[PDB]
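Residues per chain are reported as follows:
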Amino acid sequence: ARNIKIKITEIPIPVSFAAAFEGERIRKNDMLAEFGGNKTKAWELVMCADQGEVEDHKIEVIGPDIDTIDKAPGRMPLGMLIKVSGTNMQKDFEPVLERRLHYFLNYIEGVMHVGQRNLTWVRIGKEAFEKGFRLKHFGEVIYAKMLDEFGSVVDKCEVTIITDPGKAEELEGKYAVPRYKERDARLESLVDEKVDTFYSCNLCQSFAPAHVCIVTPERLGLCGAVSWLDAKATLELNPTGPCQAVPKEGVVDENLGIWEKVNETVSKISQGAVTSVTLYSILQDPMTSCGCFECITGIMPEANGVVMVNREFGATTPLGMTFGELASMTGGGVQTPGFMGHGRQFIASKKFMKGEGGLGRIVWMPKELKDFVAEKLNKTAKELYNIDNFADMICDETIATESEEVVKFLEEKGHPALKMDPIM
Amino acid sequence: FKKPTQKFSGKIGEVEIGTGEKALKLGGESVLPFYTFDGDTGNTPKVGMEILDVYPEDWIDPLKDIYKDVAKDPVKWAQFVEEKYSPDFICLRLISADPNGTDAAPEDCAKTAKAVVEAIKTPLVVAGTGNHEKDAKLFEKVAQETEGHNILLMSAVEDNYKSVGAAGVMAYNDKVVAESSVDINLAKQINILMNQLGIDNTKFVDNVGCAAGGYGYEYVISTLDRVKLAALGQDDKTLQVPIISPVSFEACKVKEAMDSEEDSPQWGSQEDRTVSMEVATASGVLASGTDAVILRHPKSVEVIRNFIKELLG
Amino acid sequence: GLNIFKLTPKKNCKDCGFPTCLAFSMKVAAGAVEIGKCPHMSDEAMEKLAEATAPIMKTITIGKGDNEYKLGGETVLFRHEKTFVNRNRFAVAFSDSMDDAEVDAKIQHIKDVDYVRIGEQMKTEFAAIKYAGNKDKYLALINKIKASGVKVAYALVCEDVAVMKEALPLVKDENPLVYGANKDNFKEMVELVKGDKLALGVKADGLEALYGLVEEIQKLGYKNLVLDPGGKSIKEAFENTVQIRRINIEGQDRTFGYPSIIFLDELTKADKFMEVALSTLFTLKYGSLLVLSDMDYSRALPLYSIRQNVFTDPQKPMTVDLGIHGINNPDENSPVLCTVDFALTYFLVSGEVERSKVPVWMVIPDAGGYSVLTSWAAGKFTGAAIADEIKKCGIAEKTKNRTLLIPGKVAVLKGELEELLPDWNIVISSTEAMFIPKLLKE
Ligand code: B12
Ligand code: SF4
Ligand code: SF4
Ligand code: NI
Ligand code: NI
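Protein chains in written order, with the UniProt record's numbering: chain A, 285 to 708; chain B, 2 to 314; chain C, 5 to 446.
One thing to keep in mind: the hints can contain errors.
[Said to hold, decoys possible] Taking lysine-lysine pairs in the DSS-like style, the calculated list, with each CA pair at most 25 Å apart, reads:
#, chain 1, residue 1, chain 2, residue 2
1, A, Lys451, A, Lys342
2, A, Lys552, B, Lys8
3, C, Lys239, B, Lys4
[To be verified] Computed from the model, here is a short list of chain A residues facing chain B with C-beta under 8 Å:
#, residue
4, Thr481
5, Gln489
6, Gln528
7, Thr559
8, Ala611
Calculated from the structure, these hints are not laboratory results.
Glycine is no exception: its CB is placed at the ideal position from the N, C-alpha and C atoms.
Could you build all of it, start to finish, from the sequences and the hints given here?
Written as structure tokens, this is what we have:
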């Protein structure tokens with residue numbers, strides 16, 4: 285009634301718990317129980333349920349306990365179902381809670397957890413079991429520190445550890461598998477038009493003071509480690525942190541991505557260094573770049589398109605400049621028209637240079653980079669109605685490296701970028 | 002030509018440390034430091050001297066020779082510094098409280114601080130240890146013992162800002178230093194947390210980090226430049242707070258200032274290098290936007306005070 | 005960048021030495037190659053390009069090959085906005101009205117103070133020779149310093165055209181600095197330096213007089229100048245130094261786009277601890293050539309260390325040397341520590357172990373000049389890199405203590421390190437900098 289929360293200082297487990305213990309190695313002959321892998325089925329899930337279904341601090345072990353396997357090191361099914369309820373807990377925060385569960389289990393001595401969803405497997409060492417380690421302690425570690433780290437979104441946490449083969453398969457099909465569907469569909473089907481607030485990150489201003497990253501569902505961070513959902517949860521967990529809400533109010537230009545509020549909130553975060561910005565263009569007031577970007581796209585005027593190059597690529601681009609040479613001017617939080625540093629996932633987005641013609645402006649990519657995004661790039665270009673194999677039209681390092689050679693290759697290929705209106 | 006007309010919409014707030022006629026004011030400037038030609042430089046930057054609650058064992062021999070018969074007793078040490086060098090403020094670093102060394106209970110250290118604050122007229126700045134956990138308990142007892150003198154509690158990081166700020170500004174009506182790690186965003190974050198807790202800009206000063214010349218110094222210079230430009234140029238209300246940077250803490254521990262002639266014969270005198278190290282470090286941070294510095298060697302104070310006086314008058 | 009590409013003929017003929025016109029387009033905007041390399045430019049665009057791309061502040065080269073120092077070229081007022089390009093230089097003042105013993109002490113000090121810090125040669129760069137009234141001893145003073153063997157540049161400070169006419173040929177071939185142009189001798193001073201393209205120092209009373217005087221020299225056609233702020237007090241000298249730079253940069257005025265020479269020996273009136281303070285101030289406040297009264301390790305150690313930090317490009321993280329860095333009496337048995345040569349983590353860690361209480365030799369594997377987490381993300385600070393670094397530096401021989409300490413935030417490598425280094429005992433810390441001494445106690 286008074287919204288009073290009492291904190292628990294000590295994790296009630298006999299085995300020592302510390303961040304230092306992760307990354308250890310259990311001897312191949314000193315394992316006790318190996319749950320999961322290709323050996324048996326193991327899975328994990330964090331649920332956002334109503335307060336009725338979640339009872340605070342309930343740890344349930346369904347099936348044989350660790351004390352039952354007295355024989356040689358063997359395998360048992362493992363099911364870790366975590367139910368979480370809170371006043372402001374939503375389904376978008378479930379992946380954040382589940383990601384941290386990997387490090388929660390690794391912090392325990394003799395317990396190492398690697399994997400996500402149904403691809404997980406946890407091995408228990410002899411050292412923990414002889415010290416009274418049980419499957420009930422697994423739920424004590426999660427519950428004690430789920431309330432600790434997520435103390436502003438998690439009111440009650442209920443953990444069930446399932447190790448019965450019959451129940452482990454059954455609960456996966458009604459809770460785990462259906463909820464993985466929602467995660468994939470939410471990430472794939474979310475576009476900029478549907479959302480109403482963008483997010484701004486400024487964690488790279490330690491070396492690029494003028495740099496502000498605007499994160500949208502179709503345009504994640506330059507480093508590639510921050511997305512719209514991640515920034516949404518960062519703002520909730522850390523209201524005064526690097527990620528802050530950016531209202532999408534006031535639309536100067538829909539095609540170029542100009543918004544009245546975005547320009548207002550960019551000049552504030554960058555301390556007035558950058559005042560006008562666009563989200564879907566690289567020529568008119570482009571976004572700034574810090575230096576964490578793995579791929580940088582540069583304009584190639586003679587080909588009526590743009591060239592791309594990844595960080596690992598150590599050769600010379602058709603632009604005449606390598607990645608290091610291009611990174612010396614694109615980075616640093618300066619607005620350089622015609623050049624943009626971005627992530628590896630933004631390549632196959634429908635907002636990749638929407639205001640500059642679209643995705644078809646790509647004319648040259650590294651061979652290793654082209655293969656990675658070939659499946660996604662071809663699908664996105666299919667919406668442009670051209671033949672599906674768009675990557676086949678894109679030139680690579682193997683075919684040519686000089687500007688006059690690649691232009692000839694584009695002439696014969698019927699590349700769409702040539703026929704489009706002049707980019708510059 | 003055209004005289005540069007640089008107009009800043011911001012203005013740094015004023016924080017008063019101490020009580021009586023010796024109380025000092027920090028901040029108030031609406032222009033860059035020492036830019037008397039641009040506008041109003043609010044309050045002249047202050048220079049403070051550092052003392053210890055224990056005998057200085059690691060200080061250089063020339064410093065030990067100055068504080069011969071007064072270093073043993075902090076009360077005698079504080080009165081000796083005040084009457085001989087007349088610093089703007091005296092910094093009392095509670096070395097005996099750190100867990101890494103001669104760890105002592107917070108009650109013992111607060112008793113030492115109580116005697117010092119009641120034996121001097123100059124404002125006192127009580128510097129804590131490096132440990133975040135101990136500083137929360139240390140400052141709770143220190144601020145209770147030294148009540149009614151408006152001391153400055155130093156090194157209140159994001160970890161213990163709730164404990165230090167509550168036991169500091171709000172409870173016993175003191176001042177608190179909000180310390181960040183050489184970042185404008187981290188400095189901006191800690192200030193927001195203090196404001197949300199109920200402490201406005203007039204009750205706490207900022208510490209954006211400090212370093213010795215040649216040891217990560219440009220990082221401190223960039224941070225000082227950025228916070229000053231944001232506070233004034235961008236009228237950022239969450240950065241319009243005065244800045245104090247302890248120079249003697251970092252500048253006097255380096256190899257170039259502690260090595261004696263026996264260790265490095267070519268480097269020359271030891272006292273000259275110690276003074277020259279603090280003067281160079283303090284002058285550079287003063288030009289970047291620091292409103293108060295802490296110095297150890299008495300000769301450094303005289304040079305910096307002359308340095309401040311020459312540029313402003 | 006793309007602004008001048010419109011004016012470029014777009015032929016990709018590689019005549020400028022760069023592969024594509026775009027490659028030539030972006031670099032000249034930075035200012036490295038400049039505009040001359042392209043001969044195929046149309047004169048209609050060449051005239052407009054020459055003025056738009058012209059830097060707001062000229063770069064002045066003084067001295068010969070080894071003593072080659074560039075002054076000026078700044079584009080920003082603060083280093084965080086963009087890198088400071090050219091570092092300021094320090095000079096030792098020499099006057100012909102000085103005793104032979106005094107001059108010998110100055111020469112030895114210039115030669116004595118010479119060391120390398122993080123790969124940069126820290127030494128006095130210039131030797132300002134001043135004319136005090138006796139011409140006969142002035143030429144002797146110049147010749148003595150040449151015969152001394154001090155590897156310094158020359159800056160003759162002489163307002164007398166007659167004396168300068170005889171003093172210049174002695175060190176004319178050294179590309180010296182000819183200082184002394186004032187209101188009533190500039191016409192005869194420009195013609196003296198126009199032939200050999202030597203930097204000319206401009207002197208006047210106040211900014212208005214200085215601004216007008218620079219225009220007269222520029223109207224003659226000579227623009228290789230080293231302006232002198234000038235002032236009767238430290239307060240006025242500081243104002244003039246700042247105003248010259250702000251007028252040039254903020255006001256986009258190219259009349260004041262020249263480096264500043266500041267005589268700190270006269271303002272401080274030969275005060276060592278004041279010289280160091282003012283040298284730091286003008287290192288951070290647009291002083292391009294600072295003239296001191298004497299040089300010694302008391303001045304050199306802070307001033308040269310600070311200058312190294314200020315004039316490092318913020319975009320390129322500053323880096324520390326590689327190899328083993330033994331702290332406080334390296335010996336035959338002690339634990340070892342790992343870092344990522346970010347030069348901030350090193351200083352933050354070394355700034356915690358500087359107590360020397362527990363001797364430890366910090367091995368620094370090449371992590372790419374990045375921080376701990378980004379190096380591991382990049383794959384530079386990995387188990388193989390840490391393991392093979394032990395092979396490279398041979399730390400097994402130096403210390404017989406298998407206790408190996410690694411950065412705390414590096415977590416998964418602890419098991420991986422143990423595999424590649426079985427005999428070595430790995431200790432994994434916390435990522436806070438406060439836990440450095442706890443495990444150092446062992
Ligand atoms: C600056 C930065 C960059 C810059 C670095 C420039 C520079 N100045 O060095 C650049 C642009 C290179 C960069 C790049 C990338 N970055 Co980056 N980077 C950072 C950033 C902003 C700060 C790093 C830093 O200085 N941290 C602070 C320093 C002081 O900490 P530290 O070095 O760990 O040292 C401390 C401890 O280790 C400890 N310690 C050290 N030694 C010892 C010893 C003992 C005994 C003890 C007790 C303690 C101790 O004390 C030290 C001081 O407190 C972080 C943000 C963050 N949240 O950390 C992101 C961050 C680390 N970057 C990240 C990533 C992912 C990348 C990229 C891999 C992205 C990509 N391209 O895919 C790229 C890689 C580039 C490449 N070449 O491959 C992620 C890391 C994610 C992960 N799981 O790996 C972060 C968190 C950003 C994010 N998106 O969240 N980055
Ligand atoms: S690149 Fe990533 S870490 Fe850097 S500011 Fe943008 S979102 Fe933050
Ligand atoms: S010389 Fe001129 S036309 Fe030829 S490549 Fe260079 S910039 Fe292009
Ligand atoms: Ni970034
Ligand atoms: Ni970046």
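A quick look at each hint next to the structure:
1. Taking the CA atoms of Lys451 of chain A and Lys342 of chain A, the gap is about 18 Å. The hint holds against a cut of 25 Å.
2. Of the pairs offered as hints, the one joining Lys552 of chain A and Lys8 of chain B holds, with about 18 Å between alpha carbons and a cut-off of 25 Å not exceeded.
3. For the given pair, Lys239 of chain C sits about 17 Å from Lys4 of chain B by alpha-carbon distance, which is consistent with the 25 Å threshold.
4. Among the interface hints, the one on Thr481 of chain A is violated; its C-beta lies about 20 Å from the nearest C-beta in chain B, farther than the 8 Å criterion.
5. Restraint check, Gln489 of chain A versus chain B: the minimum CB separation of about 6 Å is within 8 Å; hint holds.
6. Below 8 Å, beta-carbon pairs count as interface contacts, and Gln528 of chain A has none with chain B, the closest being about 11 Å; its hint is therefore violated.
7. The interface hint given for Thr559 of chain A is broken, as the beta carbon of that residue sits about 12 Å from the closest beta carbon of chain B, more than 8 Å.
8. Taking 8 Å as the C-beta contact cut-off toward chain B, the hint placing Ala611 of chain A at the interface is violated, the least distance being around 21 Å.
Against the hints set out earlier in the document, violations occur for numbers 4, 6, 7 and 8.
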